[PDB]
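Asker: Put chain U on the given structure of chain I with help from the hints.
Residue-level listing of the chains:
Protein chains: 2
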Amino acid sequence: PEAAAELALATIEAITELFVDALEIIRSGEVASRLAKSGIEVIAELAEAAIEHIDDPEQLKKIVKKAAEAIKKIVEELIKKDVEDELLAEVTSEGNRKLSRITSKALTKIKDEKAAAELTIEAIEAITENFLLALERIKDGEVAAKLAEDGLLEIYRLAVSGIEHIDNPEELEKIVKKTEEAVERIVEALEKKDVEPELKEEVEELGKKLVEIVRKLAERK
Amino acid sequence: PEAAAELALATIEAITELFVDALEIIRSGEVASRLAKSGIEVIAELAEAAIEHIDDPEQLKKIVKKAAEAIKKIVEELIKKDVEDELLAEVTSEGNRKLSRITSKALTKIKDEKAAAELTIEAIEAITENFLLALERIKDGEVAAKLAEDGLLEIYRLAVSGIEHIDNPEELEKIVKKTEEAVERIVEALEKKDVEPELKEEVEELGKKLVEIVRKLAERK
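Residue numbers (the deposited numbering), protein chains in the order written: chain I, 475 to 695; chain U, 475 to 695.
One chain only, chain I, in its complex shape:
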């Protein structure tokens, strides 16, 4: 088991480093978007394949942390590039969704409630961070709104996916508290950029009503 996890971690690190170098190299154009999408998918699938074989907490915890760092680094690299707004949005949204998926896949095995809450809070924090960087770059209101929409829906899906498996109010409190904070962070940041006010009210309203449903649902756990 330890050797298998070591192979997973080593190859993930190596492939991530090579992709980082390549992303640095290429000078311009939509080939950047193509490469970003390809690398995101490759690392996501490769990391997910390892989860099927682990059987212990630290191995799972390290696997999740490594993957989260890798995908963060890739999108961070694309941030430096000049790229079209729509391609940037699709890239970062596509990257985030893959982090959500692997986050959910790993959580399915963690029997220790404390670790389950910890791994949860981490991913909710991580996905929130990425959306902040994209919001610092989007060139148009419609692009920013669409990313904001996906931010609420994905974080909700990750939040509930945790609540199903949590079982004791120590986890229930923290997952509720973290979800509230993350929702506020996204909404507060998104409100700062230039966008049509009516669309902004809609986005903020949707953000507000999701936290209510989460809180209503968590209370019934």
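Treat the hints with caution; some may be incorrect.
The list cannot tell twin chains apart, which means a pair is met if one copy fits it or any two copies do.
Stated by the list, open to error - Keeping only pairs whose Cα atoms sit at most 27 Å apart, straight-line, the calculated BS3-like set for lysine-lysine is:
| id | residue 1 | residue 2 |
| --- | --- | --- |
| 1 | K535 | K652 |
| 2 | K690 | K667 |
| 3 | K652 | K683 |
| 4 | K690 | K652 |
| 5 | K695 | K511 |
| 6 | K579 | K511 |
| 7 | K511 | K690 |
| 8 | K690 | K613 |
| 9 | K695 | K546 |
| 10 | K682 | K620 |
| 11 | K667 | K620 |
| 12 | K683 | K695 |
| 13 | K620 | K683 |
| 14 | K651 | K666 |
| 15 | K666 | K555 |
| 16 | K674 | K695 |
| 17 | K695 | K682 |
| 18 | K546 | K572 |
| 19 | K695 | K652 |
None of these hints come from the bench; they were simulated from the model.
Answerer: Chain U in isolation, oriented as in the chain I frame:
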């Protein structure tokens, strides 16, 4: 597998008939609540155990239908009895949840759209039907409201749980249309019932909210 399904169906029929007779016999008090609560879990667990074993889609579909019929039959039996309001509500509410769970377990093994739609639409229909009878004889507003609220959430958990396994807009339409009908039926019956406006407002508000999130999330596929 056919023989295993035969054993499952036969024993489910036997136990159902036996509890039907017993519930007919007894004539007083909280012993009725005890009997119903114990009986519901017994049939559910036996169904869940059988569902673990493989089957052809139709065999699975029959298994789900049989269980749904049984738990409805027991609930209908208790309806004829006098009971304390809280015990009656907790009985039929707690019974309904077990139909939800078995429906969730069954859907995990489906592999075709026809079964996914049929099983989904049926269970959302059935769970809605039971609440109709519970509300048909509720004693007081506060008890009626608390169970009426649960009617929204427990339909939602099944609705989205189906949504995430479906893969085609044709199936998506069935889930969307059924969810709208179920929400309206609950709202209409609760509106007809006698209850304070303050509670009736939140019940209507939750319906307005909860259909929208399904409308968004089921569309995002």
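Asker: Would you pick out the hints that fail for this structure and give their numbers low to high?
Answerer: Those not satisfied: there are none.
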